[PDB]
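Next up is one chain by itself, shown in structure tokens, the form solved without its partner chain.
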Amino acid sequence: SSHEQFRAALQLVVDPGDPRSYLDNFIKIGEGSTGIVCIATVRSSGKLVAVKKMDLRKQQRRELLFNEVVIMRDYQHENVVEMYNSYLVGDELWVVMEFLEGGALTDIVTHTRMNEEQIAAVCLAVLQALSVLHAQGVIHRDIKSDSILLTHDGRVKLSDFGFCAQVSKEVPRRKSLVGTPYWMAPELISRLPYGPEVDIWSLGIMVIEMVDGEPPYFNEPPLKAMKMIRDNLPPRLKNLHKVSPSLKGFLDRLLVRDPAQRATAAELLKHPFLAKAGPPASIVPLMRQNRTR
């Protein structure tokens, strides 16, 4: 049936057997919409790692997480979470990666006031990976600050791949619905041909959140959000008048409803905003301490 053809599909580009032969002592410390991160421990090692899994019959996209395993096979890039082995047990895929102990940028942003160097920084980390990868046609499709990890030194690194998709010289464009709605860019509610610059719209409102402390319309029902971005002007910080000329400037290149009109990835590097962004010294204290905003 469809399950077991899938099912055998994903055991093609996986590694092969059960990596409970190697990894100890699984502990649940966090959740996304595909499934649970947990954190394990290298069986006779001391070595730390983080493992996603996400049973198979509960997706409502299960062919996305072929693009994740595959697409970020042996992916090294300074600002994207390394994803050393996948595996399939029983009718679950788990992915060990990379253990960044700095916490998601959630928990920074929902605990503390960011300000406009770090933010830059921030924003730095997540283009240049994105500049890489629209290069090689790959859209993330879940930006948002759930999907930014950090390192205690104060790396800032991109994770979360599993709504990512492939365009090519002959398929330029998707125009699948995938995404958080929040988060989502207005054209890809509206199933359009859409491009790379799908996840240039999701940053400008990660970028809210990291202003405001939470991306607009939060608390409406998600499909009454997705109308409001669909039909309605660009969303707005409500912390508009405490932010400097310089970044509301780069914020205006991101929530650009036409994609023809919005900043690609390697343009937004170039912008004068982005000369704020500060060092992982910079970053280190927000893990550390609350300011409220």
Second form
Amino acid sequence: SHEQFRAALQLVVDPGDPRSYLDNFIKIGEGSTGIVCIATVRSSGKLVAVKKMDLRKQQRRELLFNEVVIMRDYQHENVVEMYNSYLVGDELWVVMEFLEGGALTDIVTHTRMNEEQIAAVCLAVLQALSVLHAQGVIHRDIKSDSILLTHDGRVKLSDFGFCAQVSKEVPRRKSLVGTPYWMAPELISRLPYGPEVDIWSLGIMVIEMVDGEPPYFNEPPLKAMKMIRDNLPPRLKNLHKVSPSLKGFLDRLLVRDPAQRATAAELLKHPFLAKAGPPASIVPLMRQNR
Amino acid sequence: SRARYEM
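Can you switch from the form solved without its partner chain and show the form solved in complex with its partner chain instead?
Everything in the complex follows now, all chains and molecules, and the chain you saw is the first one.
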């Protein structure tokens, strides 16, 4: 069964073993599905990232295919580029673009973003989501941890391990997936849902960028979910620290009824995004420059 | 509490 699954993965991944061309693996991160390492390409000295996922440690093993489906089919400026996949012993390894600026989480937990920087993040994320959503791909784990940065401040969406596809034949998903504090209310309620859930989750990430943490963050996950489900949309702690344009923007995101929530395509036209600075504006937020 | 841990 584990052996059964390893055989199945073998048929979809690239042959061989990237240890044959990579040196000096150093762990830089963890997620829910496994670890992320930096590695050096021996021929070039260039750096790549390698995501390692133990097949025996997944809640839903079959979701590991999402790594392969996205790599093969859905590449974009604001999406982390995946180069090759391999089966190495009991682990799936994906060799991918190294985002040397780290994750948006390290920024929001340690500094205050201004609205030029917030708008720049939101615009980049919404450009990615508009393209993904138009092809039926729902990310389902939008949060600051999934947004990665280059040294020069370019913003890219990562961690597609929990994504799903909708289509005319499967118009909604039903699975309980994501990270509790960021989950849409319709998804916690176990209603069938669509791309709208990413827009809610993006709202919660805006609250992260303003407040430093999502709502209810010092409640246990199950209680926080219950509160998201039953209560009016969560509020900024610091409502006085946001412009009316940012507040107006956020009110299109954190809408309980998914039919009334803005779509990514609509949000790209919102006047808040007119504030977006260039990638350069993000650079001073990163650990190496603060 | 304060869980950056997915499902």
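Rigid core here is just the name for the largest C-alpha set that superposes within 1.5 Å across the two forms. Residue numbers count along the first chain shown, from 1.
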Legend entry - Answer among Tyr84, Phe218, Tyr75, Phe99 for the CA shift between the two forms that reaches 2 Å or more, rigid core superposed: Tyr75
